[PDB]
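Given these sequences and hints, build the entire structure.
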Amino acid sequence: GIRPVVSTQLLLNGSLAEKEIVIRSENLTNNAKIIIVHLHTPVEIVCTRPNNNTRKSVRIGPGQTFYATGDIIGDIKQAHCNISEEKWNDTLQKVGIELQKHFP
Amino acid sequence: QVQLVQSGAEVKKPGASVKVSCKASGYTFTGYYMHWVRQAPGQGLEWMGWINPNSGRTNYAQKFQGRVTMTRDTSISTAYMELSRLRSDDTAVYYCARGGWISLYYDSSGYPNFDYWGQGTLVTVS
Amino acid sequence: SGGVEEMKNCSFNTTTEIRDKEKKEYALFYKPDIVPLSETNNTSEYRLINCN
Amino acid sequence: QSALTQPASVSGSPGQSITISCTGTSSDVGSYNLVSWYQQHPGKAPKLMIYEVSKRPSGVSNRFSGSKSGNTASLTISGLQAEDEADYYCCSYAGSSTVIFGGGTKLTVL
Amino acid sequence: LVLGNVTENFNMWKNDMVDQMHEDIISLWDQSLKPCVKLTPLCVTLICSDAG
Ligand SMILES: *[C@@H]1O[C@H](CO)[C@@H](O[C@@H]2O[C@H](CO)[C@@H](O[C@@H]3O[C@H](CO[C@H]4O[C@H](CO[C@H]5O[C@H](CO)[C@@H](O)[C@H](O)[C@@H]5O)[C@@H](O)[C@H](O[C@H]5O[C@H](CO)[C@@H](O)[C@H](O)[C@@H]5O)[C@@H]4O)[C@@H](O)[C@H](O[C@H]4O[C@H](CO)[C@@H](O)[C@H](O)[C@@H]4O[C@H]4O[C@H](CO)[C@@H](O)[C@H](O)[C@@H]4O)[C@@H]3O)[C@H](O)[C@H]2NC(C)=O)[C@H](O)[C@H]1NC(C)=O
Ligand SMILES: *[C@@H]1O[C@H](CO)[C@@H](O[C@@H]2O[C@H](CO)[C@@H](O[C@@H]3O[C@H](CO)[C@@H](O)[C@H](O)[C@@H]3O)[C@H](O)[C@H]2NC(C)=O)[C@H](O)[C@H]1NC(C)=O
Ligand SMILES: *[C@@H]1O[C@H](CO)[C@@H](O[C@@H]2O[C@H](CO)[C@@H](O)[C@H](O)[C@H]2NC(C)=O)[C@H](O)[C@H]1NC(C)=O
Ligand SMILES: *[C@@H]1O[C@H](CO)[C@@H](O[C@@H]2O[C@H](CO)[C@@H](O)[C@H](O)[C@H]2NC(C)=O)[C@H](O)[C@H]1NC(C)=O
Ligand SMILES: *[C@@H]1O[C@H](CO)[C@@H](O)[C@H](O)[C@H]1NC(C)=O
Ligand SMILES: *[C@@H]1O[C@H](CO)[C@@H](O)[C@H](O)[C@H]1NC(C)=O
Ligand SMILES: *[C@@H]1O[C@H](CO)[C@@H](O)[C@H](O)[C@H]1NC(C)=O
Ligand SMILES: *[C@@H]1O[C@H](CO)[C@@H](O)[C@H](O)[C@H]1NC(C)=O
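Protein chains in written order, with our numbering: chain A, 1 to 104; chain B, 1001 to 1126; chain C, 2001 to 2052; chain D, 3001 to 3110; chain E, 4001 to 4052.
Think of the hints as simulated: they come from the structure by calculation, not from any bench. Among the hints, a few may not be true.
As the list claims (entries may be wrong) - List of simulated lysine-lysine pairs, DSSO-like, C-alpha gap at most 27 Å:
hint	chain 1	residue 1	chain 2	residue 2
1	B	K1063	A	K56
2	C	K2023	C	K2008
3	A	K77	C	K2031
4	D	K3044	B	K1013
5	C	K2023	E	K4038
6	B	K1012	D	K3044
7	D	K3047	B	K1023
8	D	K3044	B	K1023
9	C	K2008	A	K56
10	A	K56	C	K2024
11	A	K77	C	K2008
12	A	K56	C	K2021
13	D	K3044	B	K1019
14	C	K2023	A	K56
15	C	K2021	E	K4038
16	A	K77	B	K1023
17	A	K56	C	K2031
18	D	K3047	B	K1019
19	A	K19	A	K101
20	D	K3068	D	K3055
Listed below in structure tokens is the structure:
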């Protein structure tokens, strides 16, 4: 199973590796190649949002109707994301101790 | 210990406007909500809209839109209610209460955790 | 009646299903989707970002 | 979208348990677990009894117990004394940032 | 060609020829109007009256 997700940084849902953390690259000498870290232990991540009213339907032609943001009921809160602290800390620590094999 | 002080009793006539002020002392009022209730003698409690003193956002209940306005004042730590077009059944007592905690991460406006209440203002008409 | 972090009202007018009349409609567009035109400090006449 | 259903008045001798219940619409009480009770002494401001369906705040002894079942929220008192001559009010979050209050019960000590 | 001495189950309420017939007629009805005229500018208000 291959899930065609779209993400720039911090790879979302997909197959994991085995044994330990693995690092892939092209040359490992120049700075122009994007280096890829494949983990072994997953880290949970959640993202939320405040409320919206509905899809306000605006008609601009014979059948061509679009949906815009309507009202907002309640207070205004900022859409945030949450990651556990110690799991991310020891995951980045494992990334560092395994990346230290290529840099003495 | 924190306290909530309000204004005095008012005697008015229909077709006027009434202003009720509630002042909180002893705690940072900017990080807490403020709710308003009205009590006529004889029946139960009724709920009016809430004010967010950190941003001035208002959301009144049903059958009250357009006639009641709420305004915070962060300089002297007060909250004002201006209610216009009074009727004969508007003779009541008004209470201000402290709602939930403003967290900037989840909508905690509708939480009915009213901990501290005021003495209320007795307004009447004839 | 309050302050929002990143939204603007942006009421405009648009053509209906009949190619005669135009009606006023409102929305709530985000701030990165809204770009001001002209050069002056008149912060009223905004426009959509991908119409350029 | 009226007030919550609640009986007129209750009665009971001291020394036993009295159960009060409030019923409402499924979108009001049956959907969210945000209900609470208020004790109204005649003459001054009321005081909150329990926070959530079952959550005891400080300053009140372990005597009130709250529960929810289906569309009915119940509050139980055990060991009645003479300091309960006050009204009782239910309240619930009704969605869209609006709180719906109840009718009210009066308890008498025989 | 007629079969000799065999029987066969038949069910027309669950058939694949009917669904393929319906989809073929739908797609060929939708295909014949592709290079035709579009009635977009005929949405104008019509000032109608009885003939004299
Ligand atoms: C993503 O992650 C983020 C993490 O960054 C998540 O955000 C966090 O979400 C949680 C909810 O899950 C929030 O918890 C809530 O916090 C409030 C605020 O409590 C703080 O302030 C209290 C007040 O003290 C301040 O103000 C006075 C005023 O003078 C000052 O003098 C003080 O110095 C303080 O500045 C304070 O008492 C609290 O201390 C308590 O907690 C700490 C924790 O470390 C303990 O040590 C203490 O001993 C003490 O126990 C705290 O500092 C809480 O009030 C909330 O609890 C209420 O609500 C519960 C649910 O309704 C209810 O069950 C509780 O009983 C409690 O009830 C309260 O209700 C009313 C609130 O006004 C009052 O009647 C009364 O106060 C009563 O106590 C709740 O715990 C985090 O704050 C929030 N983080 C931030 C930074 O905002 C986010 O949710 C995540 N996103 C997800 C999961 O989607
Ligand atoms: C987030 O915002 C939405 C805005 O739509 C809120 O949904 C709305 O909630 C109200 C609650 O009173 C619904 O009203 C009730 O609907 C029922 C449906 O059976 C009706 O019987 C009642 O008489 C009453 O009208 C309203 O329908 C609903 N909107 C939609 C589109 O379903 C939602 O509650 C908000 N979220 C929170 C947590 O408050
Ligand atoms: C029309 O689009 C062009 C890009 O194709 C805009 O040019 C740049 O847009 C970015 C994004 O806002 C600005 O930060 C730059 O300052 C713009 N100029 C340059 C030289 O890079 C252009 O501004 C757009 N037109 C208008 C009126 O905004
Ligand atoms: C529909 O109305 C139009 C006018 O809006 C009619 O057209 C006119 O017909 C008379 C015939 O006596 C001519 O003298 C006019 O010059 C026409 N006016 C035009 C073309 O603008 C038309 O006849 C009406 N339809 C019917 C069926 O009577
Ligand atoms: C992510 O982690 C959770 C909890 O460990 C697990 O249930 C889920 O299957 C994981 N998803 C992927 C894609 O690994
Ligand atoms: C890339 O790798 C090749 C052979 O592995 C090497 O000759 C070349 O120098 C490398 N490029 C850089 C920029 O180091
Ligand atoms: C928008 O279109 C309507 C169409 O009737 C017009 O009356 C109005 O002047 C236009 N402009 C604005 C700013 O509303
Ligand atoms: C019926 O089936 C048998 C098969 O053994 C065949 O020999 C016979 O000719 C069939 N009868 C007819 C009328 O075709």
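What hint numbers does the structure not satisfy?
Of the numbered hints, all hold.
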